[PDB]
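Chemist: Let the sequences and hints guide you as you build the complete structure.
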Amino acid sequence: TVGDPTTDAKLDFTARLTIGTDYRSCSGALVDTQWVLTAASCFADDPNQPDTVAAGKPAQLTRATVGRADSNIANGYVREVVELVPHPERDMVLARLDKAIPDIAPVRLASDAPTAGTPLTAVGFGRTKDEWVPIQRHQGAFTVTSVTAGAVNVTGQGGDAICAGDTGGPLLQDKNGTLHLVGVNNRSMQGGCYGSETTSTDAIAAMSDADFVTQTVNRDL
Amino acid sequence: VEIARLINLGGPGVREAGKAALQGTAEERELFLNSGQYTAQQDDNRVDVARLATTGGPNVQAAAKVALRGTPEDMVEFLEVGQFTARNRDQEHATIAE
Amino acid sequence: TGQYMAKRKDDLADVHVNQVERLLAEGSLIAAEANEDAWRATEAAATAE
Amino acid sequence: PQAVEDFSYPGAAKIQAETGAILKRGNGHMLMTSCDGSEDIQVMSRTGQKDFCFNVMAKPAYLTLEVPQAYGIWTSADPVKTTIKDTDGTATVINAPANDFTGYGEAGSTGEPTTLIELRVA
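For the record, the sequence lines run as chains Z, F, D and U.
So the mapping is simple: the authors' numbering equals the position in the first sequence, first residue as 1, plus 29.
So the mapping is simple: the authors' numbering equals the position in the second sequence, first residue as 1, plus 147.
So the mapping is simple: the authors' numbering equals the position in the third sequence, first residue as 1, plus 782.
So the mapping is simple: the authors' numbering equals the position in the fourth sequence, first residue as 1, plus 43.
No false leads were slipped in.
Simulated DEER-style distance windows between Cβ atoms:
1) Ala151(F) - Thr107(U): 32 to 42 angstroms
2) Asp74(Z) - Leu180(F): 52 to 62 angstroms
3) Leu180(F) - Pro44(U): 45 to 55 angstroms
4) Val799(D) - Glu226(Z): 50 to 60 angstroms
5) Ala120(U) - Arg234(F): 24 to 34 angstroms
6) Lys204(Z) - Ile137(U): 51 to 61 angstroms
7) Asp127(Z) - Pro159(F): 51 to 61 angstroms
8) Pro159(F) - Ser119(U): 22 to 32 angstroms
9) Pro44(U) - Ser175(Z): 17 to 27 angstroms
No lab work stands behind these hints: they were computed from the structure.
Don't be surprised by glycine CBs; every beta carbon is placed ideally from N, CA and C.
Modeler: Laid out in structure tokens, this is it:
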């Protein structure tokens with residue numbers, strides 16, 4: 030995700046997670062004060078085969094920081110992940126935190142898919158065109174090329190490809206000030222990234238699933 | 148023969164480069180003689196300055212430090228002359244202090 | 783470029799000189815005190831005698 | 044490919060071909076750069092392209108890069124802790140003070156042709 034830095038309280042529902050000490054790292058976003066939605070592949074031994082990502086405790090100690098747009102300051106909340114609830118079909122997992130963050134609102138979920146030509150935005154903590162690891166999170170701009178079986182295909186507009194560390198990051202579509210989650214980034218061509226080169230800016234994201242979240246977050250009402 | 152001569156007299160850099168040249172082709176030997184031996188000598192010079200910067204006395208240390216961040220020409224002048232002046236200064240300091 | 787490299791070597795030389803001059807100054811003061819003390823010791827000896 | 048951060052130095056494959064140095068894993072806050080008025084931590088060796096510089100983005104930071112036949116390091120505005128290894132497999136740690144120059148084996152006290160194993164920012 031290559032674009033302007035943003036620290037505004039419009040995208041403060043985002044999160045960054047680290048698995049182990051230096052094993053794996055990726056992005057995510059809040060769906061509740063207790064729940065963070067990310068990709069299942071982040072917890073896989075083989076990132077291209079998120080089939081063995083079973084429900085239960087994380088294999089390695091996993092921590093997440095929420096709302097910390099700028100990594101050089103203490104602003105934001107730090108929580109531990111205690112349980113994972115994988116999606117039964119696609120690369121998506123819900124992470125349960127030990128404690129809630131009642132101060133930061135979650136992002137609303139989309140009722141349906143975006144169609145081709147629709148202007149989508151994305152935010153994450155992944156690599157930039159000139160930095161391996163950023164200080165601040167950045168926001169890019171993407172357009173929908175097509176919609177497929179439970180996923181949405183997007184491309185960067187004027188460059189700005191999804192790169193690395195963006196896995197689990199939200200795809201957003203706003204209307205009249207209201208932001209809805211339309212999908213979660215999984216894979217990308219990673220063009221225009223620090224340390225690598227390719228022409229294509231294409232990427233694929235899992236389609237947002239309101240029922241999956243509802244029956245997990247409220248599973249114990 | 149000329150390459151062999153350089154190996155016996157030169158430092159680690161010159162020796163390694165010359166050694167490789169002898170066991171190579173005629174063209175490689177010519178390249179070493181034409182430019183490679185000069186490159187190798189510069190590397191030997193740079194290391195010697197770096198060593199003085201850490202093992203010598205106060206004045207030798209400082210003088211080597213200045214030469215080390217300069218040009219190859221500065222490092223050579225230091226090794227040939229400048230380090231001797233610097234020693235003399237370290238000796239003067241010790242003598243006066245005593 | 784060259785005048786700057788030359789300047790650095792002069793600056794370094796001056797630092798050395800300044801430190802040696804500092805010690806000599808201290809040496810001069812020490813000797814001066816030793817001479818004053820010797821004089822006082824002599825006067826004390828003269829008084830004792 | 045999956046957009047997952049594995050902490051493997053980006054472009055390391057190209058650097059091996061270009062500078063001769065190789066890089067492995069780090070916490071992502073150290074980048075390899077050019078040495079032209081932007082110097083921060085500078086490494087000198089007698090192999091590859093002679094030298095190269097790294098830029099510190101944040102502290103603490105580290106990167107387990109490998110540089111054969113290393114002999115000198117420059118520090119700037121920060122202490123640098125450096126791990127080097129001898130030819131017999133034995134490793135040692137050298138404390139380099141800020142804004143100064145220190146050496147390794149070859150240009151150090153032992154004269155050994157040591158290798159740079161780990162570069163760590165305080």
